[PDB]
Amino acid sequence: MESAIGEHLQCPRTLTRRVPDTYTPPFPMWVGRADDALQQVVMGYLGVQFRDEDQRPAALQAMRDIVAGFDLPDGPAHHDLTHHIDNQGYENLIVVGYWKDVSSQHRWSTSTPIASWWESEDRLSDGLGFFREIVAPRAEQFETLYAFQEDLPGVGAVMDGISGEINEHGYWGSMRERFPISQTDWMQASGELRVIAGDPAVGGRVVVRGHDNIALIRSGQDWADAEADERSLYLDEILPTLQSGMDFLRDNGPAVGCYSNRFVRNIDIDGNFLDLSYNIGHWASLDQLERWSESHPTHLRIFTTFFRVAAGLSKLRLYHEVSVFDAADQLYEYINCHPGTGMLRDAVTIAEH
């Protein structure tokens, strides 16, 4: 069988898998493929936050301004738009951009139209919240998994194509093994999520730095092309269990090591909902993510519910991408967001250390 790890990323092992090499997965799954040109990507989650209805026009315009900047030289190779309401009752529009290299994203961010917009006094006077959560995993530091082969969302869209059926899935610990770095590295978390400028409690501009091997999961659901009975199966049987799990991570984050949990629905440029959704989850460690997925009743309920109704599925599209990052390859910037936004909730404040 094909391996989840790209040919060019395969190397002499020092760390080994948890299954013997006779292992054969019980069902087909696929991963994104890319050659050695794709060395390190940039995932940039750009947000607009508001709570009052009268702020919606301004927020939607801000989102449109951000998307317009994505067309400029060195804009991202791919992007999508989402909406969610957080546990403080704030609406959040997030545009996620994927760049195929670090220098392009840097040239983009430092260009006049983009840099003057982000540094503008308008950002403090708009009354909206703004954030940028920008992470740059190397090709060895992310893994994908798709229950389909065509039209890959997320990071898959900036990769070169699709694999054949892969071996490293269908057992807990398989996510870890799909990370090419797992051949060598434990991806052990160390350090603190830290405020380096400002104060969350006062608002204004706040900058947060990450620590070694923060993990980010984007796990998605696409039911747009499903027919009547299958859509009914996702909506009636699968989603309530998924919602319960998302609610748990959103409201019990510190207890399990989840810095931020967002359950988001795709939108068009006008804010209308599309039949695609995903979790955006930031974790204190890959291993804390492993433990929750494999042993918390919430994901296990999702897991067993899936296999119970799996026979009636065919058009539903389920996938995830998971990334870990060097300490230095992350920045989380906030402007006028509430103190529980993203990395602001759990970051250690400047006095605190």
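Residue numbers count along the first chain shown, from 1. Throughout, rigid core stands for the largest set of C-alpha atoms superposing within 1.5 Å between the two forms. What changes on going to the form deposited in another entry:
- Large C-alpha shift between these two forms, rigid core held fixed: of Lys315, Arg291, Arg301, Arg308, this applies to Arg308 alone, with a displacement of 2 Å or more.
Can I have the other form now, the form deposited in another entry, not the form deposited in one PDB entry?
Coming up is the bare chain, nothing alongside it.
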């Protein structure tokens, strides 16, 4: 069978898999492929936060501004827009942009129209919350998994195409084995999530730096093309358990090592919901994410259902992308956001270490 690891990224092993070579997965799954040209991607999550109804027009307008900024030279190759309400009652609009290289994202982010907007004093006077959570995993530092072959969402949309059926899935620990770097590296977490400028308690501008091997999961659900019966199976039998799991991580993050958990719903440019959703989960380690997925009743509750429906699962599209990053490849920046927003919640303030 094909390997999840791109051919050019395969190397002599110092670390090995947990399954013998005779292993065959019990159902088909696929991964994103890209050739040697793709060395490091950028995933830029750009947010707008508000709580009061009277702020919605401005918030939607700001989102429209960000989206228009993407049509400028060196904008992302792909993007999508989502909405969610956090556990503080704040509505969050997030535009996720995907770039195929670090330098293009850097040229874009520092270009006059983009940088002037971000650095403007008007960002403080808007009354809105703004955030940029921008992370840049190397090709060896992310994995993808799709229960379908076409029209790849997220980072798969900027990769070169789709694989054949892959070997490394269907067992706990398979995710890790899909990271090309797992051939040689433990992806061990070290360091702390640190505030390097500002104070979450004061609001205004706050800058948080990530630590080595924070993991980010985007795990998605797409029921936009499902027929009535499959819609009901997802909405009545799968979603409740997924929602329970997302609520848990959202409200018990520090206990399990989840710095931030968002369960978001895709929207159009005007804020109308689309029938796609995903988790955006930032984790203190890859192994903590492994521990939760393989042992918590919620994900286990969630998980067997897929194994049952996989055979006939007909139009529901499920997938995830998981990434790890060097400390230097993560930037989490906040303007006038509540102190529980994203990486503000668990970050250690200038005195807390």
